[PDB]
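Next up: a single chain in structure tokens, the form deposited without the named molecule.
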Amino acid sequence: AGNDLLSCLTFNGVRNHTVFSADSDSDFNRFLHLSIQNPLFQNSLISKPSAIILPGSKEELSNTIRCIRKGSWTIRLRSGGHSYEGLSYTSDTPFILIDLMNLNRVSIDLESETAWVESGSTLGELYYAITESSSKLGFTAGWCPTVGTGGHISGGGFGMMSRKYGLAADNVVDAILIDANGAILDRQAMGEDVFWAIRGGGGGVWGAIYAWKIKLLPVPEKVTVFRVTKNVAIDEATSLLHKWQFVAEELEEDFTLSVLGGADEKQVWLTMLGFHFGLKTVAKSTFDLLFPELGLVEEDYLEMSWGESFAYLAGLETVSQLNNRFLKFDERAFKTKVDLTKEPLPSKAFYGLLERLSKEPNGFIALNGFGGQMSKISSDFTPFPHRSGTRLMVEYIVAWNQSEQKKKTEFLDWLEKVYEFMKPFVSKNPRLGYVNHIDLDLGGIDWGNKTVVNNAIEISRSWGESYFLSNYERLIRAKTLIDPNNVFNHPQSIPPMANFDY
């Protein structure tokens, strides 16, 4: 069986594969931990793949899937390995890890201003490729350079330019999807329902994206950014955050103001991240008017290329570092939760948040405003439904290093209580979420459990409608169409509709 798999792979020309090894220093273990981006799922007790396959072409990817199906393995796809819940490299059933790191080719077409992007490519590699080819082109996606396009675009992809250009998935014009039978389908082949579904319906559900075709987007040769940390007390920090929410959502689409926040007793720190599609004169004039309380000075505003701004906002030293997929910025175990809002947050919400942060220096928040282009895109244009009416995205994070692992339970408890505190102020009925911010606290499906599987649609509605709202129904239809046998599944994958043949 394990040798039948390898025999099948060899017969089909797939040669880059390594079977499980207990050797701490084996190539298997080296490849396994190479793209584990959350150390929370890195220890010895976690499930390990029986084999790791590294396909290097669309045919190798197709044949790998075909071979794996002859057996009874669970398929796991890994691009960047940034899954918050480690769903790309863990499974409660014996699984084969298909790692896509060798599928990292980016092809820029300056004549059509589009690009073909193999799904193993990271955002950083994509950004670097774009900046290299042109000074007037960029793309809208997340801020983390080591995030893989495979999972990221599959789940939407929100970033600093989303108020201008929407999500990464909102700018996909074609794609190559490899289905459960190993069929190689482009947009025309897969159909519009499936092409709709893959653009934010969540990774690991529809098949294996081989490559994305994206539209490259206009950017000025110079943009303006700032990254300013305000060190203040809770009263001022609360005033700043309460005003920020209005400034952020209301800003014109050419502007973005986001926040990173934390505390430690009396000391509160708020890192303001600013972006403007233009020069510093207009940028400073805008914030002087709308947010004079930030106390920004001329030297805070930095003019640079789009490429430089994305490296800068990511806290990288240089643009070159975008092209390093194995670069480890923060190597801490973490757990995060997210909220979307529909009504303005009361000042007391920010106050309470800051109070709880002051008691836990390992915790922090990330605040993003929607609006702009996000409110001009229809709720069903792609699976991501949180458009017009959505005000903010609020992220709560707790992170720790190896020397603090004994406080793990305490950290998680703190995060749980933070989330409970925020309940009354955020979206309700249901409490909304974001599939790229996958959260298993919401629950999960054991696909080996008959009674659960029979009621999968209703059960899955808990997280399904949080992620996709009314788009949930259409997603189920697309799923049934493209993966009726449920070859691509995980605790929160869209359920296919059953067949009476049971």
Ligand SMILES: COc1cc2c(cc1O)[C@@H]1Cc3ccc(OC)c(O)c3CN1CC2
Contents of the next structure:
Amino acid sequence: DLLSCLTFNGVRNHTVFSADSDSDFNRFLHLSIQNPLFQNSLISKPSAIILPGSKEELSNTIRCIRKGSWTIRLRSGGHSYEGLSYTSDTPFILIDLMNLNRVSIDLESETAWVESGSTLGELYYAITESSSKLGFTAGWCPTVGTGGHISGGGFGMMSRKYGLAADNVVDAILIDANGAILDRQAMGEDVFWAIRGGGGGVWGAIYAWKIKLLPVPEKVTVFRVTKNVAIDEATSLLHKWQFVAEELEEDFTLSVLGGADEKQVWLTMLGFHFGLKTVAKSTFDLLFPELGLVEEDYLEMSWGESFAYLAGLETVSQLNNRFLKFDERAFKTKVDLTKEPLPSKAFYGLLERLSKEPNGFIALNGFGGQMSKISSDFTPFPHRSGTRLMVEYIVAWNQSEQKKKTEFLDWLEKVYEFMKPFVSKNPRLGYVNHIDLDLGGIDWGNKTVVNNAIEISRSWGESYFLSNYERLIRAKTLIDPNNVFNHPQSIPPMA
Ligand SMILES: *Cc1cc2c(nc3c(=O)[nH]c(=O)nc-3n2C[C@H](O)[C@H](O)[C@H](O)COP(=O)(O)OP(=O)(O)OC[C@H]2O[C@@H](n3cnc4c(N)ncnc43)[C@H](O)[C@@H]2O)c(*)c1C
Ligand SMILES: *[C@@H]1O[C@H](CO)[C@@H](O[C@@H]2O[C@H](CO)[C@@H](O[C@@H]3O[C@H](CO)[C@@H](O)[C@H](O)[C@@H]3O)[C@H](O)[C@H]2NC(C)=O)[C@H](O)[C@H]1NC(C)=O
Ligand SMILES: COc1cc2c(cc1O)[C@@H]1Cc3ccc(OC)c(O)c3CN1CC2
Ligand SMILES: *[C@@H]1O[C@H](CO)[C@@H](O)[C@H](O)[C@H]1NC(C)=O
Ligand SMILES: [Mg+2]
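Could I see the form deposited with the named molecule bound next, after the form deposited without the named molecule?
Up next: the whole complex, starting with the chain shown before.
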């Protein structure tokens, strides 16, 4: 039995499947499901849930599962857009990493070791508690897990200054298919490259990341201002925004959340400056006076405060609450990367479509800055110089709106089709943290498909990784030749 192996090896925190609706099993299962779309009774459920409390327990958990016929599923923060950390078409064991949430800050080296169950919020909180002059570049959502996020890159409000989370990883502990405990030196440079953006659930189980902490001023300046406007003005704002955003010096970021409802358009402008408010306002007065920002819009605060504020949290303390409900809605999302400026009519049509579906919203980010100075092959995320914007389309709904699911998904499909001519093409680019199964998927139990796995997987592989796809395959073959870590879009090993 799996349990007997786990016990012989000192892993005690485990719970087998139970039909009891409010069993402990179900409590643990649902605790970290961050997309309600995959919560219902018709979804696949794990045969057991294991909560390892140490790297040794993680190693032995993997070793035991292998003595059986199980598919391994790793979950850190549970934010997978496609629920790939807690679903599987084959019988599976869920390894939940929530107990591995220790952050160890070394102020003498200005680095940190971060267990992979730690959320972004927990990490940010730990950093701000330790120092007023250090921060880290990662995503905007505080409940996202470092396990999946850093594995896939990790883009956020300081990426124009410092790049992705993965661009600032200097060591890691990877537990491989045989339970080996491997640091950077042990896994080798190809594998250490692959894990820094090559996607979660593919290489082994990351136990911990070693990150370089980055300088921040004791006071940064942010704004969070929602413009309530009509479509003509919203269109001209977004059309100018794209140029301001990509062209801003690296010490500034201007991003947008947007939506609409008939004649009313809302654009939430999210601003960040690595410095004081005089310089911040001088810059936006010059470059984007159309925003109509006023002195009272600019707030000076600590870096930690700024990340809580930009995400709409009440306090810095809230960063440290991994179970704080950030957004309890089922959702589907798609993303585009661009290479050419978007014409005005693209924003106009996007806004028209938003006005017809108030449950939809967009998130807009400029690249440029440091993102253009990092080589396309420095880490697996290839969208560097030449990449102008990242454009996210989201539709989300609560339980009372479930009847409209098909309609919501149809709306999103049509938005993505509308944007096709304006965004990257040949191929249409994507981002592995924004995993999208519409691109297709591999059934690893299907021999004819597996025989041709490399060609088949190119569909999504090249969209996520472009020319880096080849090295990823070589790295996969080195570290997981038997494909113990797999999912519908995992990098294939060579046969
Ligand atoms: C829900 C959500 C996601 C967001 C949000 N904001 C983002 C942002 O501002 N920038 C971004 O770059 N991404 C943002 N995303 C998307 C997330 O980045 C991705 O959804 C992350 O991959 C999520 O990571 P995590 O929360 O850990 O999700 P899981 O579902 O647990 O795992 C994803 C994937 O990775 C594997 N995996 C988890 N843990 C490990 C370890 N330790 N080792 C190897 N592999 C691991 C899983 O098996 C799965 O395959 C904002 C919001 C609200
Ligand atoms: C396996 O891991 C789970 C998840 O961490 C463990 O459950 C957790 O146990 C801790 C310690 O008992 C709980 O801490 C306390 O919770 C109570 C409220 O219920 C509170 O009074 C204390 O101040 C503290 O918060 C924690 O709630 C709980 N977490 C969850 C989500 O259940 C569990 O102990 C482990 N199981 C085994 C067999 O080791
Ligand atoms: C399920 O509900 C949500 C889903 C998602 C987000 C927020 C939600 O509430 C965030 C919103 C957001 C805001 C600003 C960003 O850059 C500054 C950004 O990249 C994102 C990304 N997305 C990822 C999808
Ligand atoms: C394998 O996959 C192919 C292509 O998706 C499918 O047509 C076929 O039915 C599958 N074969 C088996 C035996 O499952
Ligand atoms: Mg009961």
